[PDB]
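Listed next as structure tokens is one chain, alone, in the form solved without the ligand.
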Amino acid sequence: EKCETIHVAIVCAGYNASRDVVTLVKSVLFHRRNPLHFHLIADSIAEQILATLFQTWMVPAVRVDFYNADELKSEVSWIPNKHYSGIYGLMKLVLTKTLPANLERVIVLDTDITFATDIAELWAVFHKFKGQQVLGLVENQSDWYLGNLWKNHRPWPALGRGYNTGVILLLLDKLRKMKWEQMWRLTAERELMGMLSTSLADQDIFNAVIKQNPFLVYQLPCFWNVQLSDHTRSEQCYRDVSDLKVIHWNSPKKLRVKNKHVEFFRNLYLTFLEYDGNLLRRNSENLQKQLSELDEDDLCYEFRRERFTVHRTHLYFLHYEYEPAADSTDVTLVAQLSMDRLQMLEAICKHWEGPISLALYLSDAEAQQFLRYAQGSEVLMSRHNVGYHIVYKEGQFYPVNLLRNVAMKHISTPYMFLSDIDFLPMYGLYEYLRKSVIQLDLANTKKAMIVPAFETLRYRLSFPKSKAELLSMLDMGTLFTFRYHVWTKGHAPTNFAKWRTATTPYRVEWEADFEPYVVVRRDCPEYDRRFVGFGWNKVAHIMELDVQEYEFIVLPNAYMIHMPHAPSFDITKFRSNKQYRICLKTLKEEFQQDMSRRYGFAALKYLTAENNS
């Protein structure tokens, strides 16, 4: 009917799979022509990642339904397995019970597949099933089951070379009809009485129920999944580029394998592993209705256009693991960055010790480059507790607030710290703020902690170690208060003069254009989307913290030393475009009046200050 709403099922388990299903879905969608409907069996972490990802793509004619695996985990718990994927591999057979009875046919695909062609043609194979051919599989393209690869090998019984369950084409309705659960269960225990465990997890069990009843299978043509292993024989299963339709990269080495034409296959792989998904995307009604009233005649309307724009967010790109402590007083950094500021990560990785978040902002190709880089550095790899929240590129402006609030919402500790990637904290600051949070006891009251700012110009500076050493180095003064020659009010209002002699934190009121760096509990407000780029950005958040009656505490025994960095493009554009400035000022008026409306008299002070200045 040209629109049958093709149905798919994918097993996701672990962060690696969570991030490989992205590539598989890219491959399927690239050649799509009719509506799709996925069905991802996911654990909690994969559930969150993929929920956010798909809810952010805004794909058309595509739907996503997530099925819990924790409840269905026990079903196969009695089947020992040895596959590197884990116990989640076997579960690809319980789909009949898990999926709804109202569905008929699903292309069960493993994560690593990649389709070079539309899945419509593969779906078409559902018009060639005859007799009691209810499953759909392909002949194995290896010698694993033949029992001749090496001496003393005892593969589980199978028909000829065996089959690889990379792609399965099912008739759910039928399997439900003829009592599918019990016979495969019976075969399962029947084939486990003699030996220890399976060798390929689900792939093994299916082969059993393939061998015992050979009238269910349907020997699809070999070129539906060109299995590539260390002993591949796909050369006879393809002749040219056009014939290939689908690939399976079954190897622990993955991309390090060697073949006669591995170059072309790898090039194709990178074609879609690097394709700009933000282009494939062609909640919706409200979004479009907001887009309706939008006017193109405003000075900086584009700020309004970008205020509510939705960007593809792929949360937790790389592995992440964290065990919360009993104290319940942890802190985690957050920061935006792009290419120009990557190098600082190592430095920050050499500074922090606890978890940090990061709203890393790159295109797809730069995202893969970062993947390689983070897979290279030993310091990054050894650090488990560093999240990597990716927000892909789109539009022209820089949605910095979007990046920082995306990093805000997803944190695994109660309190948090706001900064930028440039700043480099102390050594041991993690324990310092641990003790400080414990002592000031913010678990009850409402307070903010500020770490003062600075800036130096000695690239090869020895890392200071003690407050008294900073006193000596300021008496000599090699580095100065951050932005001491452009924006004195940025951090001068901290009144550094009294900082020196202090031994305990001191409170400070608000001042014109006061934009410190704060530590605060998670409840602190998100940023205002109206402002994208550089300029008058943090001070909005500061205004909200202040107007919520947050007392500003400045920590005595900490500080930050800006590591010099090259100028970026946002600052140059801000300093060059006057229209940017005037529309920023009108946005200032708008924000101030909205603040007044939402709180009332208390917010008038800012206005009065603007009237006084």
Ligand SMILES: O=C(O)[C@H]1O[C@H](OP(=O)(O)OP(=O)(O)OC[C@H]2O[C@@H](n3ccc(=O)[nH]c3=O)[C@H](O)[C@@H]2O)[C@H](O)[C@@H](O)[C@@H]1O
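Rigid core here is just the name for the largest C-alpha set that superposes within 1.5 Å across the two forms. Residue numbers count along the first chain shown, from 1. First, how it differs from the form deposited with the ligand bound.
- Rigid-core fit between the two forms: of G477, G131, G376, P100, the one residue whose Cα shifts 2 angstroms or more is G477.
- Put the two forms on the same core and the Cα of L270 is off by less than 2 Å between the two forms.
- Once the rigid core is overlaid between the two forms, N577 counts among the residues whose Cα shifts by 2 Å or more.
- With the core held fixed between the two forms, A120 has its Cα displaced by under 2 Å.
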The other form holds:
2 protein chains.
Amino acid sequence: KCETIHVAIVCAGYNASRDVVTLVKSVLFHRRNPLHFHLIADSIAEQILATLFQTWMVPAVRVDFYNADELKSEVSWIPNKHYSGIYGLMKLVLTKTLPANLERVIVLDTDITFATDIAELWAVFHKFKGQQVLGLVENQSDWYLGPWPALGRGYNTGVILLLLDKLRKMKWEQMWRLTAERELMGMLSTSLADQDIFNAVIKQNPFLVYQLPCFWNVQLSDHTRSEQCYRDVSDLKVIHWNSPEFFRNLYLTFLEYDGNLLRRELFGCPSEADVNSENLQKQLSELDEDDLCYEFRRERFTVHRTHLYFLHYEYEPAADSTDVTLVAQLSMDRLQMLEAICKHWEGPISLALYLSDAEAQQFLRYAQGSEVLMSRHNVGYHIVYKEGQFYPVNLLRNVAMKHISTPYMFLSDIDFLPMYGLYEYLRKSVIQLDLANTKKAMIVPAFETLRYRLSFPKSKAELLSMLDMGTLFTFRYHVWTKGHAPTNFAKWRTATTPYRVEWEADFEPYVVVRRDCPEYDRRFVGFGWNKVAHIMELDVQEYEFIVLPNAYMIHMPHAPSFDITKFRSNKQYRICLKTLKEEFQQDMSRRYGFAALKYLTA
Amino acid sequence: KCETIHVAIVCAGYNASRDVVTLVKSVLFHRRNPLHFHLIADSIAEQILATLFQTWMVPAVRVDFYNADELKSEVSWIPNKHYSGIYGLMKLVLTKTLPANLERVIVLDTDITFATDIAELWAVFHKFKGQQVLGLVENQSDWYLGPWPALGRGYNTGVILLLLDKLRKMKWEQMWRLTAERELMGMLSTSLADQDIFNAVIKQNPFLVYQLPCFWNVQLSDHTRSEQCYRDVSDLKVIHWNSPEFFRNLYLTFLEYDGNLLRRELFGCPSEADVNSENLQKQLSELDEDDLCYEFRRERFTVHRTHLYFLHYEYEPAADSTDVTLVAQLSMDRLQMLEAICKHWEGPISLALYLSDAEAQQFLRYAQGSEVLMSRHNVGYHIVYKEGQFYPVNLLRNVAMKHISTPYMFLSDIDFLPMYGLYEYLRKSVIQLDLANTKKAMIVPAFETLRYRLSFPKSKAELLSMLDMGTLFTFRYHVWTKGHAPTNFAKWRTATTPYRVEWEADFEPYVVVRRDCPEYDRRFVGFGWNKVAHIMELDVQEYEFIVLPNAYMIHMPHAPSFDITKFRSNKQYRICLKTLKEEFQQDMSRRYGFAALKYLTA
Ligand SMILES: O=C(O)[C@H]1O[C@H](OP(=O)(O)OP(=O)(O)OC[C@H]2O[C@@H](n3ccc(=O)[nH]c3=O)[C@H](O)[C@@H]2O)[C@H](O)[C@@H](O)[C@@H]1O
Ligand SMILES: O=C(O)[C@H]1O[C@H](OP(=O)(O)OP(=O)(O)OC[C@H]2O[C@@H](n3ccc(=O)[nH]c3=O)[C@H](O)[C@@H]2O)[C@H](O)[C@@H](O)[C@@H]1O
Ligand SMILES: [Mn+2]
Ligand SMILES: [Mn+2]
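After the form solved without the ligand, can we look at the form deposited with the ligand bound?
And the full complex, kicking off with our chain again.
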């Protein structure tokens, strides 16, 4: 009843990571038995998938990872032309990689979707007889009908059933190696990668292959002409999207399905105790539900499913080791800023987007449909899926900061447009002020405007002229000047060299710091006191606040978010935010003692 | 295998409508057999549920409605104090209301959630023996332990299994009527409404009751103390939320589940042909997928699940029959306007919100947590659930217009704040201009501002002064003046009486019209040409555009929506919008002929 079903998936890259996320969602939507995933992945995919499954907390799912690079030398001698690359040749060597104590496994591809319970496919293992060990579905295309030799139409490696014990007893490694060498002696190339090799083995030993029903692998490829195979669309099971209305709706069902709905244990089967799940349960049990601020404390320890590098990412290390990454976080309603930011900052960017699955797909379509975003590869998109009622601003900031590729980071905001050439200016400033060997934070002055149509200045003199004419203002000039009052804009107007300032109450500048800067406090959600706590923690750790003369950023106006609108620092939210501020002050007093006394009167 | 399962639900009110939506979602998430819902509902709930199920298009679900008011006289003689009111006493008379050809039924309450397949509960009907006909779960509270007499702890009417044929053969009506009369001779009142009466029958004839397992009705009431009943939380089936962490997560699973995922047919069972579903399938099949504008044409005919009156609504007819309803539509990112609008317009408001299920719950929490929104009952919230990629602005406008309660409607916008007292001014203007007997549209001048902090003028003179100082501008003054150019603001500055204007190219004012105004064209989605087509249709039907002297509205600035940002009338969206404009012009030429020739050069 609770028999563990083992699924082996080969993943490599960010696109493959998204595809395997979709496949795992499809499998979990129909599962009824414990699942053990064996992910053969390179480091790029391994980090993403490990973080995703750690934060996902799916009950009765055990995930293990295997170094795909170590297997490259196993297939480095086989030329390949399939778009999956060398990683497509690794499904042959799974018997060498998977643990020796495993008997049966279901090998899948990243472009597979499940419309039925995977236990039904696992039950097919009971029907194997004789020496049949590879459960394969006959190819639905005329590719092998005349390519690599195959039996009949050939078999498709999109879904495979393997009996590892029998393959190991029969020395599958030597068999497939000899078959591949013999085929490559004349073919000299592979058209469909290891799949072709599979067919070659099927030619030599047809008795090893068990022909599964066609509806276990519905290949929607070009010129498929398989209408008879899926004539009964109601009873279709597994779909393969190998293409370079019901199917579209089914795909969109899982592509936009909420993954947090999968955090429910399997009935009748014990769930293994995970450290993160146990910690979350203990912390939530410690919280008092009678307290009026229960929601905020619950959101503080809430673990959000995080998908690092949601889009393709590339980066090259800086030769001078002084590179700076723009760090910001945003929700969906701020997407219009992104392109503008990409037009101002030419350096690496690390963003944390708080999107739902539907919003994640909308953002993916927007990014793939935008020339500006597709022309830039050094922008890191880390999607933190929505959960709870409040906006985890500090959690998003921590996610963005932790996954940068540069020694220094600028803790900017998505609503702020920087000046042109600020990237090179900060790269020079870190060398000039020697931030590597000192605890110094370089403050970038913040300005705000109320006009959407703005002629962005190309120099500091033009910015001063615009300030004189009343078009621009210092940030929060009309509401709360205490935030940037210690910036000393009056001295900044005529300053030609960076100058040090001192911390004051409610100070919250925008700082360029090192990679190892202390993290934000996750206890603050929504709007208010988010950056004040971080600036206080910076000051208590002996950080020197330095204002640069020739740097500035302008806060473009934005409609109030639902966070502000609902919890506009009034009534229950104001009381809870004051309580959180008091708790943070108490923790500051306890942790550092004498060095943190001056913040009590702040 | 495909046996039809009949579920009887009593619904009354908007809160009950939301609850029954949640219950239906919970039932459909676990169903495996055809479902036939019998909804005993009053007109208020009947309209909402009929529209919701018509737009929902759930396969293998047959919904029928029964007049609950006609049954009131059947229980008008029984005093009741339960918060469900007289509608709570109707479950007794279901045998009188349901069709005589039905044998077995499952009676549910609006506060029920299903965590297991309802076919499992329907299979319990096979286990009935003897004269046991009411499948009930013993009450889990000490309410009946000492109230109305009961057997043991009593039985809970949250979930009932009825054999209608046997009840009719045994004359259940007379039995329960006599039992209720005898009990009320001494009790004189009902504490738990018909439930108490049920228990009384259980006292007289205990052999009629079949005691279901406890986990078929898990009552989470106050002082429940039933930990033993749900000690195995993994294998819990039906939850009753009769209260005035796993349970919370389970409730939020269905409260925020996407209902459009339920539009999948049951495997192995034929689906009945519905007129709306057939029309949608035919229209989508007619559309060419090779056309680059496939998405827009698909969205044109897409049927969106509509939930009329998502919150409690009250209204009183105007004595003079000249009342005007502010009609507007908005998405989530415009919620901050609502309260402001409620501070300006004291009359009835009809709004159409394009929210997802999670966004619907967020809006419900915001509205229940806001004093301004809870103090106003004449605001109609019609939620149109998200589907597709584009914003159905015209569909939302049609939904808002069609469900107003007043003879006249103002086709305003959510981004526009009206002047104080505009409600009474328009109520006087409709009488002054005699819009009842003439085809006249009263134009309200539109202005825009770029400053979020605005001192709203209390008179026209102050508005003129603000215009002179450059603080305010006419709407789209800096971008596209053609939209409100025919408004003739120069004449409006000194005008003291309403004056007629003439239609011009791309004219798009904001008009007060009658209830029977022609609807918007649903072929336009996103942003662009949405109101131009409606104004052209108004002009081609001989509507006189009248500008009022002492009326104005100010367009508060807003961050660009994702619709503008992505499809900012550029590239593919611009081409598709131009194509839609051309098609609308062709339809205008064909439908009216000579009277529509002047729009070709527009
Ligand atoms: O730096 C500051 O001075 C202030 O910045 C924000 O306050 P504010 O800008 O008024 O409010 P938002 O516009 O909601 O916050 C801006 C930042 O939050 C993000 N954001 C986006 C969308 C959303 O709904 N909520 C939200 O907080 C934006 O992407 C951006 O990074 C913080 O919430 C304050 O705690 C802080 O004092
Ligand atoms: O009112 C008008 O005359 C014009 O409104 C919009 O032009 P614009 O104001 O630039 O764009 P929006 O800000 O999208 O229009 C305001 C309306 O759009 C609604 N809205 C809200 C949110 C959203 O995502 N999309 C959207 O269209 C708002 O609720 C409000 O009713 C349309 O693009 C024009 O076709 C229409 O004629
Ligand atoms: Mn901001
Ligand atoms: Mn607008």
